[PDB]
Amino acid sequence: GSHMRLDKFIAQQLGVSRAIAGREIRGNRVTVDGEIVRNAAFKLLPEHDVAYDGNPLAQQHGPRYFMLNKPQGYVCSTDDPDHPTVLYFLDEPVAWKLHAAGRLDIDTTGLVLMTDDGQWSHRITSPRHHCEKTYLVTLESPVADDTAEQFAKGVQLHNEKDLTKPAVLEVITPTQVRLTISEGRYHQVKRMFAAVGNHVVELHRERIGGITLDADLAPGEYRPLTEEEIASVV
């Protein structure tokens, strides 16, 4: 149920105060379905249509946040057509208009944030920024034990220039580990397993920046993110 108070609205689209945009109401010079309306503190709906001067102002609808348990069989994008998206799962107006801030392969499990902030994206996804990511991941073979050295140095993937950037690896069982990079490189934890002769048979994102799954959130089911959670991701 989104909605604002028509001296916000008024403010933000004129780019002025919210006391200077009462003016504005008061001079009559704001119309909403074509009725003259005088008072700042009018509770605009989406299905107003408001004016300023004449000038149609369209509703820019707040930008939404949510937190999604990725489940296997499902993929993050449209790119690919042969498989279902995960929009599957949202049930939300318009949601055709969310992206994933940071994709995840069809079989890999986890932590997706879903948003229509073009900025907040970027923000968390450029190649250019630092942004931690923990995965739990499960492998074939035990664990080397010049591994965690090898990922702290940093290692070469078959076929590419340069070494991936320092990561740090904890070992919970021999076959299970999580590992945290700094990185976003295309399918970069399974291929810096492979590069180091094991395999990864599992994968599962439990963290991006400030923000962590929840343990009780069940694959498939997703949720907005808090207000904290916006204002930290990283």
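Positions refer to the first chain, counted from 1. First, how it differs from the form deposited in another entry.
- Figure legend: rigid-body motion between these two forms; of the candidates 93, 126, 60, 78, the hinge maps to 60.
Now show me the form deposited in another entry; what you just gave was the form deposited in one PDB entry.
One chain, no partners, no other molecules: that is all that follows.
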């Protein structure tokens, strides 16, 4: 249930201690739905209209954060009108207000963080921030023996002045590798492999900073992030 004591809401709104919020409430300065409320423990609901000295104090919908296992065939923005967006999978009120804190291309699958918290989102996506992202990459040809070292030194993408920052590549099978990078350049993973002479056949994101995609969240499924995960997805 979404609810909070009136004295806590007033404290928050006026930037005052809960004790003084109580003082004000008993001072007959606080109204809810037009009537005066002198009780500090009043259970404030989302549908209540609070006012302080005649002035309205709208309540604020808390921020929302979701973990989505993105499937192929859907896009993470309305930039391209030829494909349906990932909102198709979300069944949440005013879902159009949500955006991906780190977009994935149409056929790239995996972890996408849906949120309406711009600050949180920016801390994660900013090109200036070192945020690690790990991908499960399926290759056209068996990985070369020098690729891991290449990625460690950093490679040069086709027509880019500066190399890619050091990334670590773990070989699972000859054609399936796990790659961790800390950048966010456009189509970086696919271009890094093109640069060294291979081709990405399938791309799956498993982690973003401190948040790892659940092993049992099926493609298309999603869920609210826990307080711990929100607390620091890196």
